[PDB]
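Asks: Now for the letters of each chain:
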Amino acid sequence: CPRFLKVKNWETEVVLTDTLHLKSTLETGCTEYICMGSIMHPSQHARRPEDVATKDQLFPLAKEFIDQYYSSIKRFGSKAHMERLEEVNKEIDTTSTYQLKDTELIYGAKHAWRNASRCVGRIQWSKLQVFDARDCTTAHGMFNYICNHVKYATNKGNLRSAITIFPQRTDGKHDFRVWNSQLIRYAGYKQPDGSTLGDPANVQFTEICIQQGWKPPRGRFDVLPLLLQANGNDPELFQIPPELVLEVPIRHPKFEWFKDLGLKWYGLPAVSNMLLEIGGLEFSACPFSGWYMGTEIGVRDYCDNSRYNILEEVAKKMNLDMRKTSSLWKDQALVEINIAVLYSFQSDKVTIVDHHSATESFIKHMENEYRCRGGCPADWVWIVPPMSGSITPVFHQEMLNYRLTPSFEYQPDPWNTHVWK
Amino acid sequence: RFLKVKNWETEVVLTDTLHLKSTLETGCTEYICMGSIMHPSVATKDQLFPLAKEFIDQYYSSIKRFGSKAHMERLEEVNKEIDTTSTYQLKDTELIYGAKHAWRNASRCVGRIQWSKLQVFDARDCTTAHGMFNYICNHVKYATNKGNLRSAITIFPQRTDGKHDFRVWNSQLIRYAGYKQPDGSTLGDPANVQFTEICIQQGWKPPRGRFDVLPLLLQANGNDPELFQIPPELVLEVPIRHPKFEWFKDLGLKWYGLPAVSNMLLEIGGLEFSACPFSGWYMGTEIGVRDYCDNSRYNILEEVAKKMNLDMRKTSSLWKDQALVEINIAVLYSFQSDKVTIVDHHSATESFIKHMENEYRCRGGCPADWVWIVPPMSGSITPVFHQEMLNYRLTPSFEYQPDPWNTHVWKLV
Ligand code: HEM
Ligand code: HEM
Ligand SMILES: C[C@H](O)[C@H](O)[C@H]1CNc2nc(N)[nH]c(=O)c2N1
Ligand SMILES: C[C@H](O)[C@H](O)[C@H]1CNc2nc(N)[nH]c(=O)c2N1
Ligand SMILES: CNCC#Cc1cc(C)cc(N)n1
Ligand SMILES: CNCC#Cc1cc(C)cc(N)n1
Ligand SMILES: [Zn+2]
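If you read the sequences in order, they're chains A and B.
Counting in this note's numbering, the first sequence runs from 1026 upward without gaps.
Counting in this note's numbering, the second sequence runs from 2 upward without gaps.
To be clear, the hints were calculated from the coordinates, so they are not data collected in a lab.
Don't be surprised by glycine CBs; every beta carbon is placed ideally from N, CA and C.
Misleading hints may appear alongside valid ones.
[Claimed, not checked] Quick list of in silico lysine to any residue cross-link-like pairs, SDA-like style, CA-CA up to 25 Å: (1) B:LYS101 / B:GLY365; (2) B:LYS308 / A:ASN1344; (3) B:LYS65 / B:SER117; (4) B:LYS315 / A:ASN1183; (5) A:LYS1355 / B:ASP312; (6) B:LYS7 / A:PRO1439; (7) A:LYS1240 / A:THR1163; (8) B:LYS81 / B:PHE67; (9) A:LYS1289 / B:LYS315; (10) B:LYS142 / B:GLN230; (11) A:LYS1080 / A:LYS1126; (12) B:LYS307 / A:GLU1036; (13) A:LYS1349 / B:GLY365; (14) B:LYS307 / A:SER1352; (15) A:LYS1355 / B:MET313; (16) B:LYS245 / B:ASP312; (17) B:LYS101 / B:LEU19.
[What the hints assert, rightly or not] Here are some of the chain B residues that sit facing chain A, going by a computed Cβ distance under 10 Å: (18) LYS5; (19) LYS7; (20) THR11; (21) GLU31; (22) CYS34; (23) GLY36; (24) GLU55; (25) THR286; (26) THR316; (27) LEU325; (28) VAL326; (29) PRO377; (30) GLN388.
Please work from the sequences and hints to get the whole structure.
Replies: Here it is as structure tokens:
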């Protein structure tokens, strides 16, 4: 943690001065001699050990988060702060863990969002609906909570940010997990010839669902069932009611033939495979949802080679020279696809933000955070959109990345580490 | 140790051992990554010899002569010069080896599959700015080759006491002038406004156009720099037209064929070559995305979108994205039509992956800066976007150095 670091924007010459990085807790993966900025998962530095930690292992982390929370609310040292510490101490003394007050849970979830270096949408961080689901005991009850989340968050197209927080990890053998990587995704099917139908990213998860009894309709856009694990038990399949799943058919403002590709996407991005860490407590099931940046769909989902991979089909209908890469036929089609995605969501009054608007807002959010907080951890490799990078303002914005707690973390896919009953 | 890097598109995993042999810092720490920072933060006799020994060891190892009689005598010979003169002189072979490996080690360069085909011009006997001009003219002519571009570097005398540096004051050998108008607008290239003012102050008579090739401002032996006009017949340029849009040529755009960076420092075995201009050939996006469409550069998006009849009222029409593509189509089409070497960002990044994979197999790794390697448009449709990379500093190296007008103490009263 160097004493005070500046970042420069090379377009506007604005300089920001970072001191928040002094509060960084765990390693980035980098050293003075090697930078891992482009490694997807550079580090295994965790704040607590494997499972049920000893008291001297968990209490220091609790003490820090409680300190931080009461600091945030103009106390620190107050009666309630000192009482809370003694309370957490006794709780760990008798259960090896402790339970967050509702206020602390809301604070923790919002600050995990605020601390998410890879999220360009964090100007919204304090406007987050928190659903406390820590009283949940079964997969049916998990399904009820998620249906309510999806319905509230979708809001007939006027999307609202939300998170639903299921019971925290205890001994590691009673984990709550949503096995889906997102609440809503499309199935992928290995074809007899060798090609893939639907979303290739989801082939493995789709096979698990089939193996568990799901009856695949075997189309290009089959909404996957939920596969929900409560209290360490075997996970259970649930079909989200289709009236809860808002979808947008993709058409083009100028290309009438575009609709005949039969593309669609879903409206609600809802990451459900990550882990929420607050004061040493691990929430292994914590689906959170926002609204899409158009490029997530139009660039990555649709045009990645190992995803829907639609560039050649679109370029054909556009009558483009596909003989050689230097005609930039991929680049031309890409732009049209992302025009259609934005046009479609906007036509149906489903919240979406383009990459120009999203990145501009993030520059403003960065400036706010340096003004009030003294910094904003940001992952350039993830913030910069996957098309037209340098004509967005974040391309020319230097960023500092560091890990602050509360945080959202990655965790292994539950099928790699689950003993079936 | 070992370190794995993964490609998330192909699932190929490579194992880096080369990183164990790096020395200067990256700027990152164990708790902060400064991977997106542009510039993160003379040697004594004692400092010099470990650096020299390191380089001589790796040179003789590279040619399968480590421990040899020639290796050991060279080490002793270098040691004598450092003792005697406080510096030493590279053999021609070492100079060529060192220049190729600084290119090979340039983590920000996507074109390194070409690293070992580098024409090295040894200009360590130069003494005056006139001689510098002669060397640079020859470099331009050789490199340009009537459009069949050849990679080359010209290496001027190394730093001695820091009071006698050789410097090219230009940031590239060929760039276009910029003039700020009283009304606040800029004619030509806004990036070059300050350097254009310096040239005008030194005596240059500007034509005051949109694409005036700047003069060379060359500094020999720490003396004041001097102006030279490159012979116009040596500056190959390409007027930009579009394969489908007849009106595109009416924008009056052109660009030069030879990218030749001239403000960096070449460090070989502790020796510092402060004047070392090097050239290759363009990747199209350098011109069509950054040079033409950076808000701070020629900034032609609105003009091009206008002529495309695009709805420029809302951002979500993606009019800028649409105009950006066509401009980059025109750049590539124009160079190819005029048979001037260029590479498009898809071909360039595919080759880099092949190179990177090859370098892990034969060398144990390939330092690479994802922030610079990924092209400034269409990022994720190029393979490098999905490629994990490790960044670390190997020497020989190209480094940044301060602009000379910030450090030079003028002699001319
Ligand atoms: C409200 C509108 C939001 C927008 C426009 C937005 C935008 C984005 C985008 C574009 C990404 C990169 C997606 C990818 O390439 O995989 C991302 C990642 C992420 N977002 Fe946000 N986000 C929003 C809301 C939220 C909320 C409510 C949370 C949590 C409470 C959140 C937390 C995260 C995290 C942790 C990541 C990293 C995911 C990963 O590492 O795979 N975001 N966001
Ligand atoms: C042969 C064709 C070559 C291609 C296609 C190529 C490609 C590129 C590109 C696209 C960049 C980024 C430029 C920018 O964004 O400002 C770059 C940077 C760089 N190239 Fe290469 N290059 C080539 C040859 C060379 C040669 C011959 C050398 C040295 C002898 C070299 C050394 C470098 C260095 C040091 C940088 C970093 C410059 C900086 O940090 O500003 N390249 N190259
Ligand atoms: C290897 C590289 O880090 C990887 O492809 C990253 C790059 N940047 C990204 N940025 C976003 N938003 N999402 C991603 O999945 C990735 N992938
Ligand atoms: C702030 C950021 O590091 C800066 O804009 C970088 C990003 N990547 C780049 N990549 C290339 N090739 N050239 C550049 O000038 C830059 N600029
Ligand atoms: C692989 N990550 C997929 C994703 C995502 C995502 C998540 C959220 C909360 C918002 C958004 N706009 N996108
Ligand atoms: C500010 N860097 C400008 C540049 C550059 C460059 C340099 C070389 C040798 C090749 C190339 N294709 N591009
Ligand atoms: Zn780093």
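Asks: With reference to the structure, classify each hint as holding or not holding.
Replies: Right, here's what the structure says about each hint:
no.	hint	verdict
1	B:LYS101 / B:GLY365	18 Å, holds
2	B:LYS308 / A:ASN1344	22 Å, holds
3	B:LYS65 / B:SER117	17 Å, holds
4	B:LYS315 / A:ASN1183	20 Å, holds
5	A:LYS1355 / B:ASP312	22 Å, holds
6	B:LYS7 / A:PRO1439	21 Å, holds
7	A:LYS1240 / A:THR1163	23 Å, holds
8	B:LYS81 / B:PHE67	20 Å, holds
9	A:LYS1289 / B:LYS315	23 Å, holds
10	B:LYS142 / B:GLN230	14 Å, holds
11	A:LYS1080 / A:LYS1126	20 Å, holds
12	B:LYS307 / A:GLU1036	23 Å, holds
13	A:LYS1349 / B:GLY365	33 Å, violated
14	B:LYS307 / A:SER1352	22 Å, holds
15	A:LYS1355 / B:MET313	23 Å, holds
16	B:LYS245 / B:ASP312	20 Å, holds
17	B:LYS101 / B:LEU19	17 Å, holds
18	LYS5	9 Å, holds
19	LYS7	7 Å, holds
20	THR11	8 Å, holds
21	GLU31	5 Å, holds
22	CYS34	4 Å, holds
23	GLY36	3 Å, holds
24	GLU55	15 Å, violated
25	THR286	9 Å, holds
26	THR316	4 Å, holds
27	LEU325	6 Å, holds
28	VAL326	5 Å, holds
29	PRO377	3 Å, holds
30	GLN388	8 Å, holds
In summary, the structure is inconsistent with hints 13 and 24 from the numbered list given earlier, while agreeing with the others.
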